[PDB]
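Take a look at the letters that make up each chain.
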Amino acid sequence: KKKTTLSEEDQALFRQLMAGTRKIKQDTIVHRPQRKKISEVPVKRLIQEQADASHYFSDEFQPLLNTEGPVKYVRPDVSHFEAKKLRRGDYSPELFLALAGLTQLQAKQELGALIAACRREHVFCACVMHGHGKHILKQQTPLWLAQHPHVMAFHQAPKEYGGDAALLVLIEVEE
Amino acid sequence: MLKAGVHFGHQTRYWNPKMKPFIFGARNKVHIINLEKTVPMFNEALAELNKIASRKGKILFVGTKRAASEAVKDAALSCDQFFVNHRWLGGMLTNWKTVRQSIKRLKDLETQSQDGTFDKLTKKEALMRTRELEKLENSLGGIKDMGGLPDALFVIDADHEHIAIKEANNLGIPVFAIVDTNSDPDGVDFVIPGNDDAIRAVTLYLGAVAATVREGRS
Amino acid sequence: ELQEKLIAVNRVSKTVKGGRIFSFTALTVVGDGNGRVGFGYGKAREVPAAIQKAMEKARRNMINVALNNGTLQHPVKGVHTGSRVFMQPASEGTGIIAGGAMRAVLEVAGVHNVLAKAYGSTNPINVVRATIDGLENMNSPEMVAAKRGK
RNA sequence: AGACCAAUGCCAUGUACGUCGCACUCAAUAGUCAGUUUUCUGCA
RNA sequence: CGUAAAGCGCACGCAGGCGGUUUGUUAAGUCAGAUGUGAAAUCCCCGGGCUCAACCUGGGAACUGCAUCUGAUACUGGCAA
RNA sequence: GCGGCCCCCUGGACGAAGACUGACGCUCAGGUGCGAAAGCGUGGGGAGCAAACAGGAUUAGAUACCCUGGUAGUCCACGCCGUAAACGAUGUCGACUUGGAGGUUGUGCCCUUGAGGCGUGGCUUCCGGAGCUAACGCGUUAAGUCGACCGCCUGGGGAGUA
Numbered sequence: 002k003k004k005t006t007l008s009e010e011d012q013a014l015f016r017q018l019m020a021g022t023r024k025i026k027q028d029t030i031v032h033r034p035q036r037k038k039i040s041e042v043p044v045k046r047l048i049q050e051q052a053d054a055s056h057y058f059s060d061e062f063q064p065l066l067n068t069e070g071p072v073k074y075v076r077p078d079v080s081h082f083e084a085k086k087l088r089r090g091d092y093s094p095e096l097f098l099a100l101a102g103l104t105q106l107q108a109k110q111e112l113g114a115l116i117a118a119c120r121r122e123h124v125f126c127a128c129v130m131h132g133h134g135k136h137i138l139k140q141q142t143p144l145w146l147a148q149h150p151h152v153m154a155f156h157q158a159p160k161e162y163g164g165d166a167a168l169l170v171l172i173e174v175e176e
Numbered sequence: 009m010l011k012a013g014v015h016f017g018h019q020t021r022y023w024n025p026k027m028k029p030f031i032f033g034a035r036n037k038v039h040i041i042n043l044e045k046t047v048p049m050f051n052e053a054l055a056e057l058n059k060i061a062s063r064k065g066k067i068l069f070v071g072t073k074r075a076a077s078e079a080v081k082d083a084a085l086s087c088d089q090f091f092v093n094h095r096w097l098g099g100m101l102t103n104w105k106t107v108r109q110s111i112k113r114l115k116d117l118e119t120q121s122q123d124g125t126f127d128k129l130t131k132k133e134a135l136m137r138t139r140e141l142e143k144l145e146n147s148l149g150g151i152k153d154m155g156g157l158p159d160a161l162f163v164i165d166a167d168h169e170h171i172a173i174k175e176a177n178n179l180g181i182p183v184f185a186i187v188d189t190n191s192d193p194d195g196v197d198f199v200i201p202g203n204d205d206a207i208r209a210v211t212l213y214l215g216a217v218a219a220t221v222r223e224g225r226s
Numbered sequence: 010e011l012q013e014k015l016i017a018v019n020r021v022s023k024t025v026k027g028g029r030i031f032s033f034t035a036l037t038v039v040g041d042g043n044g045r046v047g048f049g050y051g052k053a054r055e056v057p058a059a060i061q062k063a064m065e066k067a068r069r070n071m072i073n074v075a076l077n078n079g080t081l082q083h084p085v086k087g088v089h090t091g092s093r094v095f096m097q098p099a100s101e102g103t104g105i106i107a108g109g110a111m112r113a114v115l116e117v118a119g120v121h122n123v124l125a126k127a128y129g130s131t132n133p134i135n136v137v138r139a140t141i142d143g144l145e146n147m148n149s150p151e152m153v154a155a156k157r158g159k
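Chains as they are written, first to last, in UniProt numbering: chain D, 2 to 176; chain L, 9 to 226; chain W, 10 to 159.
Everything labelled a hint here was simulated from the structure, so no lab data went into it. Yeah, the Cβ is synthetic: ideal placement off N, Cα and C, and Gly gets one too. Treat the hints with care, as some may be off.
Unchecked claim - In silico DMTMM-like pairs for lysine to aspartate or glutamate, Cα to Cα no more than 25 angstroms straight-line:
| # | chain 1 | residue 1 | chain 2 | residue 2 |
| --- | --- | --- | --- | --- |
| 1 | L | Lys152 | D | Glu95 |
| 2 | D | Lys45 | L | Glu56 |
| 3 | D | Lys2 | L | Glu223 |
| 4 | L | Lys152 | L | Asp192 |
| 5 | D | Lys85 | D | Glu95 |
Stated by the list, open to error - Calculated Cβ distances over 12 angstroms to all of chain D for the following chain L residues:
| # | residue |
| --- | --- |
| 6 | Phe32 |
| 7 | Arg35 |
| 8 | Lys64 |
| 9 | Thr102 |
| 10 | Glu140 |
| 11 | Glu142 |
| 12 | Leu157 |
| 13 | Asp159 |
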């Protein structure tokens, strides 16, 4: 249905106000762009989000993590009680990421993808499984995670979600 | 919602044949945009733009020419939204990565500026650092609190800001442009045939857009 | 399920002030095995950095192909720069029988049994670019019937 | 603006670019049967 | 076939090649079917015999052609307007 | 290829409205014609310029560049030659395919209210879009998208030579 608009007579009046003969009538073929899908989320946008998120994961920069006890981190400005809640298992992860067996480079990309996905889908808590390694994903991944601005807090996952081989991660989401 | 009052089209010079569907085009060598075509176009732009504004999205007004400033700062900042009013840096969307650390330096230097150690250790270097806040503040002004790359883009001139349109088309961002008769509907998803360089026209125009961005059901 | 493979590495040169400087270019093609083919060029100072930039560019910039059962649909000709390329669906015409640098893109593309014959130039950087252009403008019986009504 | 400035043994040039790893142990539940007869036991 | 080899120095024009548009007729090209022929072997297909294979062999297909007859008339040609 | 002005003879193009013929068209191997300059033949002419030539310099040399002279030639009539980076290095004819700024030559309409405004043809210059192209670039005057006919190409040299 036609949208509400000024009357055709009113448009003619506007045409009348137009100084001079004041009418343009060039006729040309018209092309209209297809309407964007409501779902959207094109693979290219997803790839871009992933790349943006993984950009923060530097191998040269090592955040100071607590050396005593289970691995944990809380971003400055976030309530310290959040890490405690992660430890107690108050948070139930909605997304699970398995990194075991990936190269560092692959893992960074997947982590980025995970964070992007959490943001997109408004998922606040995710589980990251890195397995057990020395100077491997098990050690490097927490450092990378800390460097990410959207990561609020993480803690060694409870036994139900993989224990010492996994992390629960809290992700900052716009709601 | 109100009928476009006072602009009726412009740009005698460098008119673009791809604007031929939108031109009435009579008076004194200058081209008149058919505003009876503009009103459905602009109502559609308010429709989809309000549709993404209600999904809690980020809009990024783009206002480099004058006087789109501070009209884009006034209109974006009248909403809880974002803007670019000085020179749009080549690649603040397509490498937002590097622009993220420049925004990070703007935050760290304003926190260092009005609260922390600003008078500390030097006068000359302190002056140097403050004018780094003028340069990083006017270039990365509105976008400094965004924290993502935005869900739409609203440019105020399509040929003057072709870089931003080219990047938002590169990234799959809906471009909402007020084109003039010299501009080109490149990848502008929601074209609006209007007048780019009249301050009455862009304040009416951004008034309507900023009205529908924050429009509240309440 | 990524299925990456490299086609060509070369040593290019630059000729600066003091002697020459030698750089290496890779050219790889990735693809999942069911449409979804990409190629990437990538150039760097050593060979593993070159192939890594090539893979990383090829994982993005990946194109859909409308395959048949395991193969092409109609015979298609793709051209790029000097490199003209024919392909024929070969409805279970067994085995991928294509030229070098076309066998690879058709292999990771997910097609199994086509007939090819590159003509013209057969530079590997342009014979893909003439296979994707080719597989890109090959359309399916549910796309042609979508276009023309039925 | 616009004098004058000729030539420059013989070869092969190269090595050379092909990539990885992790682990681990603490607990219940042998056997125990019975226990004279009663009764005042502050008060308003 | 601008610059890699390759546009006659430029024209006029015969033989040649090609020829706007409508209707009617013809049916030469074209198309369809039929008949005669296109030797046998060889190639191909389905079988059979040598212990298998090579080999030999039964039947078919094929020999993409030519000639004649019967039709079709959209396109090309002939003729008339 | 054609440059003072005038006359005579003469070819073509383009535009405006109308009338007429009615496919009479396009290309073209062999064939024929025209074809800069230099050159050749016969007869004139010959101011300037100038191959050759001579002298002076320059130079290691200088059969050159530079200087001073200077003949054929350049000019006319008639005949020959038959070629050039004879080049938009782009055959001819026709059709279609976004634009902008000019130049030049017609014509129609509108207050011509001026050195205007709106169109519609012919030829031409510069820049550019899609498209094409190895790239460079071409780009409604195509090197785009097609059709008709012709000419030509097939590694460099030897050789466009014997």
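Any hints from earlier that this structure breaks? Give me their numbers in increasing order, please. Those not satisfied are hints 1, 4, 6, 7, 8, 9, 12 and 13.
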